[PDB]
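What follows is a single chain, given as structure tokens, in the form deposited without the named molecule.
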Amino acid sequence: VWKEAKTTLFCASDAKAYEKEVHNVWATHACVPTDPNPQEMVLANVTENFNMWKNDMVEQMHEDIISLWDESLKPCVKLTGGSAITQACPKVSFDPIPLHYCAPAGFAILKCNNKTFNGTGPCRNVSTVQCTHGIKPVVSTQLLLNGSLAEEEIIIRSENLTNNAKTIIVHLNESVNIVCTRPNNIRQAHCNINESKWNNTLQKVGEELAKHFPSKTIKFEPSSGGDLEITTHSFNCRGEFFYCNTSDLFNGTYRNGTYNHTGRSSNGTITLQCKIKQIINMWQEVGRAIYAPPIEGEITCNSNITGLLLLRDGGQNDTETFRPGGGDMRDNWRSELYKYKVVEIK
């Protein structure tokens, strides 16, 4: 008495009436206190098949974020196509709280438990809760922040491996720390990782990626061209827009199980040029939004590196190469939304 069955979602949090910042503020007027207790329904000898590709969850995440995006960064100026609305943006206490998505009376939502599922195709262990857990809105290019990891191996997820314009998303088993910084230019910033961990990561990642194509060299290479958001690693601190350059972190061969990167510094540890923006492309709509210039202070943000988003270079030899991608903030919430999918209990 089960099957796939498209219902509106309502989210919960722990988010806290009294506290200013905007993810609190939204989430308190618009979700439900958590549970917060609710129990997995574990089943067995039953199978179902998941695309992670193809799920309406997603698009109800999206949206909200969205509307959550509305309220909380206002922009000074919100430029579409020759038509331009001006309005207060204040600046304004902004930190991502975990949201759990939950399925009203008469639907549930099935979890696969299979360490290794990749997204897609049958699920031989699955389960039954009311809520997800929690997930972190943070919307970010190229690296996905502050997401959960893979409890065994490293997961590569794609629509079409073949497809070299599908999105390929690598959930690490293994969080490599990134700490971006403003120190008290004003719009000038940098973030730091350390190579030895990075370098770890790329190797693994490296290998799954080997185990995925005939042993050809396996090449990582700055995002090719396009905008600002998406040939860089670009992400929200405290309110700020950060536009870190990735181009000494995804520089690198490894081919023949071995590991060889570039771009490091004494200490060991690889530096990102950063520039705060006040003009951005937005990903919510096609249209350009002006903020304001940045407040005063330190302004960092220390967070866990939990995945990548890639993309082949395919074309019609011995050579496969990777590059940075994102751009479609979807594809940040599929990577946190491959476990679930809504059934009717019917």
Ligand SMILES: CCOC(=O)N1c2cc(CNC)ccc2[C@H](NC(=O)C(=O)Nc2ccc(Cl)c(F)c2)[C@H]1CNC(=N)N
The other form holds:
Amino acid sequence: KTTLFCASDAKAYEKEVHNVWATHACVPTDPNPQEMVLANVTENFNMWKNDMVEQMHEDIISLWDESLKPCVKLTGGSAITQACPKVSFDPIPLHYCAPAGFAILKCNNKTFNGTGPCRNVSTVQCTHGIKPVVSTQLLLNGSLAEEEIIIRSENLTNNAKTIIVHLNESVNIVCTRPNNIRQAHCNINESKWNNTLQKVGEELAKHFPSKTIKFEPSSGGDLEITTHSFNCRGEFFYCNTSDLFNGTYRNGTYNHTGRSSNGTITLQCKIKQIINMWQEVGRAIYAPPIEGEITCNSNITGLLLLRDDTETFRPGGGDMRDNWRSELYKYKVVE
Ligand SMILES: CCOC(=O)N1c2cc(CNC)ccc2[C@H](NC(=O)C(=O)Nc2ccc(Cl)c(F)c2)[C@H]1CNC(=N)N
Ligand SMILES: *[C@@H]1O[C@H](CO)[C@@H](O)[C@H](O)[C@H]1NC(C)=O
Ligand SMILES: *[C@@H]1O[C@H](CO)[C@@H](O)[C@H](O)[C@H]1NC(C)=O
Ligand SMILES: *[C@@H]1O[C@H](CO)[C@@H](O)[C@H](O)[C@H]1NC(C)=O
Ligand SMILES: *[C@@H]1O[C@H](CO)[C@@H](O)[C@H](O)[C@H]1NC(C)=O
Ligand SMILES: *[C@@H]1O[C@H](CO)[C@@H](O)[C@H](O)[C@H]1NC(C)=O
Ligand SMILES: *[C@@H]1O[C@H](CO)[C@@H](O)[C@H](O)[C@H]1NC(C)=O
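Instead of the form deposited without the named molecule shown above, give the structure for the form solved in complex with the named molecule, please.
Next comes the full complex, and the chain you just saw is listed first.
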């Protein structure tokens, strides 16, 4: 429909790079914005074909190119070389705002699966604050569904279509390279993982009725999608998830099958310098890791799954727009 603009809450004295970018590219946020219900209106949205996602994707690409410059960038046969300073890197929330003459409709149905008609609807200047968090397999630091877990998919029959599971309760994941310099690990409380895959299996079961629901670690691909990869404090972690996506939900009960220990699942992570870019088809080389404890304490707030009697779900990811979709699903720009 139109060109959106961003409102952030960053300040010009942070050397953190999301702050720097936002202070150049975004306008300050309205202290008290004002909504505008319309609980009879009913309009349709389709999260899977939402231009707001394109615009945000463009902006995050811009952000990363100005903030996480790689020492080397291989695209086609070209290699570009730049200074790759280590930087202060912690994502801040970004608001997307409709400019003069445009408004953002926001669907208020707390169970809205993200496509089709929605009943309660509001008008807003801006989205909520969205932390543009690049990762695969697990979505981190998002907003939780407020009712029940919600399964989103462009077409649940088409197994080639990424499924976004929207959790209603955070699950902590703590990743640390402590004080091999490239080796780290993550801790998830196996009990709350336990429960979470319980409930996720229930919801997947309503969509998949005759069948037993198996979680299995991702088959093949680049490391960035066969492991839970993400950026912590500038460094690209790649964490093994085969003790995480490893479980069976059969008789209305979930049985976890990956190996736990003293009540917590522990993922082996590598920090890596040679990255398969999400922005485009290419490779990006970075400097070896900073020193000391690198630690990220994050909320797993959704999953990205792919489906292959039994239905099997393995972790997925790689198309960063799905991350943005998970947060922008309940908004469209109109007028
Ligand atoms: C233009 C958008 O590209 C795409 O849709 N991709 C896509 C799509 C699919 C499946 N289809 C739905 C599978 C794999 C990919 C690739 N994803 C990454 O590479 C990717 O996520 N890396 C990474 C890097 C750093 C971090 Cl921290 C991170 F968390 C992730 C990408 C192509 N890029 C490439 N082959 N270099
Ligand atoms: C979250 O969703 C699950 C299943 O959809 C439900 O059992 C649970 O009560 C919901 N709310 C929570 C867990 O707070
Ligand atoms: C979402 O709901 C619409 C109708 O509201 C339905 O057509 C579609 O199958 C649902 N999709 C999922 C993934 O639940
Ligand atoms: C989803 O894709 C399937 C094929 O995988 C096909 O029957 C149809 O086009 C889609 N179904 C719906 C309900 O849109
Ligand atoms: C993850 O760990 C398992 C068991 O150690 C191993 O078999 C698997 O290949 C690993 N995957 C990756 C992508 O490192
Ligand atoms: C589940 O975990 C065990 C060890 O923790 C591993 O041997 C097994 O291969 C995993 N399941 C799958 C389907 O990979
Ligand atoms: C998630 O948010 C917490 C608190 O803001 C932060 O410490 C953590 O590093 C974030 N995780 C990622 C992957 O950015």
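Residue numbers count along the first chain shown, from 1. If you superpose the two forms and keep the largest set of C-alpha atoms that fall within 1.5 Å, you have the rigid core.
- In the overlay on the core between these two forms, a shift of 2 Å or more in CA position is seen for a single residue of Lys216, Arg264, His190, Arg238, which is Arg264.
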